[PDB]
Amino acid sequence: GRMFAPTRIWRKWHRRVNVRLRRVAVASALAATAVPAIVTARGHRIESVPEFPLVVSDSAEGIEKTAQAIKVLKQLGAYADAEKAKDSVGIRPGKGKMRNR
Amino acid sequence: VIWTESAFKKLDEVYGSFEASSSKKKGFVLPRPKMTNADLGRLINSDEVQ
Amino acid sequence: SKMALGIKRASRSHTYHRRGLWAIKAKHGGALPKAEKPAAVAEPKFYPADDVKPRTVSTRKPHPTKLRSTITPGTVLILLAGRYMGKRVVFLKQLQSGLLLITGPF
Amino acid sequence: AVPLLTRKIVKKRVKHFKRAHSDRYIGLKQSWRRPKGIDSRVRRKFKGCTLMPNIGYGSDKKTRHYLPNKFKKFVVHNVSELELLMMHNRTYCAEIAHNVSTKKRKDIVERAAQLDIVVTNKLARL
Amino acid sequence: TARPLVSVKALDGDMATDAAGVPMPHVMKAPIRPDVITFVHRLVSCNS
Amino acid sequence: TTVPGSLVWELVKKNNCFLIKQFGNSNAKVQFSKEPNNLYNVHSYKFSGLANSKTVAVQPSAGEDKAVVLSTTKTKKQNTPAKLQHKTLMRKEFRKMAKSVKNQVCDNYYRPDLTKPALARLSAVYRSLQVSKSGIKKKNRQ
Amino acid sequence: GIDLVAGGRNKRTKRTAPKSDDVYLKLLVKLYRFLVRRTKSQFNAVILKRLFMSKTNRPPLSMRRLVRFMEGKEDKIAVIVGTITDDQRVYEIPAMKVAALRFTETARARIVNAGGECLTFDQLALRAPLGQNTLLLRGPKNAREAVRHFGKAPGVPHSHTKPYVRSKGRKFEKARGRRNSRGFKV
RNA sequence: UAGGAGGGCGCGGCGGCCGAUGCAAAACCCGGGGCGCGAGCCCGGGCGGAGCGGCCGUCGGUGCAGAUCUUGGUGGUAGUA
RNA sequence: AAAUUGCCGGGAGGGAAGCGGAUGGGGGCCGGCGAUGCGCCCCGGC
Ligand SMILES: [Mg+2]
Ligand SMILES: [Mg+2]
Ligand SMILES: [Mg+2]
Ligand SMILES: [Mg+2]
Ligand SMILES: [Mg+2]
Ligand SMILES: [Mg+2]
Ligand SMILES: [Mg+2]
Ligand SMILES: [Mg+2]
Ligand SMILES: [Mg+2]
Ligand SMILES: [Mg+2]
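Chains as they are written, first to last, in our numbering: chain A, 99 to 199; chain B, 1276 to 1325; chain C, 18 to 123; chain D, 9 to 134; chain E, 545 to 592; chain F, 5 to 146; chain G, 3 to 188.
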């Protein structure tokens, strides 16, 4: 038989947020990026980084290679956090591993 | 976040300050908090309250 | 006399007599003594994480057990239990813990 | 290794609250469902019928969730999660998760040995 | 009239320059609002 | 803590990377915090190693015998993560290290809070170092 | 058995805490729980419970109405648990010290440019821990559009209640029941 | 009871965090031990042979004993008519 | 997996059985099922 209340494509997929409320939330998010306790608590390994906010010179701009990028992260205290990301990669449990995720 | 020096200096351009029409954005001013200093330690243990 | 004794005990005058604050007014001249502050150990071997609470050497002084009025020395007792159940014995005296000292005689 | 609890654990009921009539049907599960029937004599609480759970049966808040060991349990998956019980060893007992392998369990047991942490499935998978 | 200067972190191969810290942007001092974040994060995320 | 600690506690109280919470949101909930500068590993603002500028750490060192590491952060270096922490390696005797912990946790008014917890964590950390080396001797059930 | 209604238990409801999980308003509440607890300022008790209030129970106050209420009392601090909105219909505003949860941008500029102060409630507790020399003000609660529709029904005698109608014009809710020529006049 | 609300439990995805697993994952089985007033949950033993779980936010084709319910399988009737 | 069935071992039965509270008898299972340590001390070494 057919399902109860068959799903339709005219569900409300996309929801609108005020232009100003979007900007307010971005402002709050930016501020929190400058607080070491919150960047720690959200799971980033920031323990050899010199200063927050972490500003690096413009010479980084011109780099080219993933190997070049690796040195830059090492000269900061940033490569450890990139380590955790690469080491944590695994296959997604559940149905998503066959839904192109 | 790792900021480049090129980018960290544009932030004040992009978001401006507590002043009207300072942002690159139009019709926007940075939000002000409900509590100027959030230190309950300082307020509760100030001379005025004690 | 249970209540009569109780009334006597809580009398403000008589508790002063009982405790003996006189004759402690004697030693240390015209005053009642002071004290000091023990526990200056400065040598914890361990540090417990539970909020510690130390060993009790109780100051409470339980009253001695009463002897039944008809248990008077020389009286013959019957044992009601134990391996000598039914045996008739002689009552000698009450002991310090309250237990009765008896003899067969053997 | 010596538990802090200095108060006997009283249970007001040890039997479970089985579902009414789950003894009469097979496809009925024994998990508790409250009867909503209009004539249900279980719902109306006649004497001689199966009992319904109340808040009145609730166990003393002091000795709640303590195992007969007189420790409260916390399931660990690795040595790091074990080391969180270092300062709670007289209230909390560790227990290795059911899907922790034999190799990993030997490590947790070795490490729990030094920190003096009560472990309630120390012999499993060996 | 004062705001701290954020130290810029040099990198190997750079020419040593008489540079100084960038003053802290005003936005990096904005109120922290986690209720607003999760509200906006929910609604924005569903637009893809 | 570039913002106040009272504010930070508000943000990280209900969710953060160190809080391991088990057994639901009912009266069965058990929750611990595995951050290294929390002395009892308790998720509270008193013991929080996140929502305090002044925190104490008492850890057994890496592979090495009888070395206790004591760390205290610096109030004015909050925005310099690398050199926020002042750590000290002590391989002296217990009663002598009990003095060092008091000197840096209590007598300077750093965190008179954590006088008892720091010493108790030293007692537990130090004993774990003996047993690691000497091996298990006692069972401690008495 | 004891003869009581609902076991003698309270059936009314009041907000014992605010609804918003806004971190700064949560911090302000901790301050005023302490202040009511230790200082026993009756002013402090009012401020606390008004902090536990919904947006409709804390209506905005215009600067025109605030300027009227402050007139002659410019040695005191105006206190509003709510929002101060700017009013273009006013010209004279005295230098005045106002504490509120929010100021609109135009309002705050108008107050400051007069030589006043836009205080927060944390700043108020520094400068008045017991609410001394304060003017505690509310805004008009029954001024909302929704309030017009409240009360006796639109079609009963002596009621001037606004009806819920989708449009205005002659074809919408005018004929039978609104004039003598069509049936009756309400 | 009809009815209303609050706080929880459970199922499947998504964004994040924290983890288990060929030194044996899921599912299933048990006169195994426990926790919770309860929804449920944790562990033991076995079977199996490659995946899985907890927490925060968020979302839904999300919880069965009934409907002469739908489909499949199975009894007693009965070694009977 | 369940319904349902066979075999082996165990248990009970005078026109139903199952069920709720009690406990008694059998089983079956539980060693964090239940401790042997801490303080003074005398050496004899670390
Ligand atoms: Mg009826
Ligand atoms: Mg009329
Ligand atoms: Mg679906
Ligand atoms: Mg459905
Ligand atoms: Mg069914
Ligand atoms: Mg039904
Ligand atoms: Mg079967
Ligand atoms: Mg048989
Ligand atoms: Mg029976
Ligand atoms: Mg029995």
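Keep in mind that a hint or two might mislead.
Below, computed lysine-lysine pairings styled on DSS-like, alpha-carbon distance capped at 30 Å [what the hints assert, rightly or not]: (1) F/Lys106 to D/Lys69; (2) F/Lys58 to F/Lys106; (3) D/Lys69 to F/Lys38; (4) G/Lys42 to B/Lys1309.
Worth flagging that the hints you see were computed from the coordinates, not collected in a lab.
Each hint tested on the structure:
Between F/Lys106 and D/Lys69 the CA atoms are separated by roughly 36 Å; this puts the pair beyond 30 Å, and the hint is violated. Restraint check for F/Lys58 and F/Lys106: the C-alpha separation of about 15 Å stays at or below 30 Å, so the hint holds. For a cut-off of 30 Å, the pair hint linking D/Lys69 to F/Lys38 stands: about 27 Å separates their Cα positions. A hinted pair counts as satisfied when its Cα atoms are at most 30 Å apart, and G/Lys42 with B/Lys1309 qualifies at roughly 24 Å.
The structure is inconsistent with hint 1 alone, although it conforms to all the rest.
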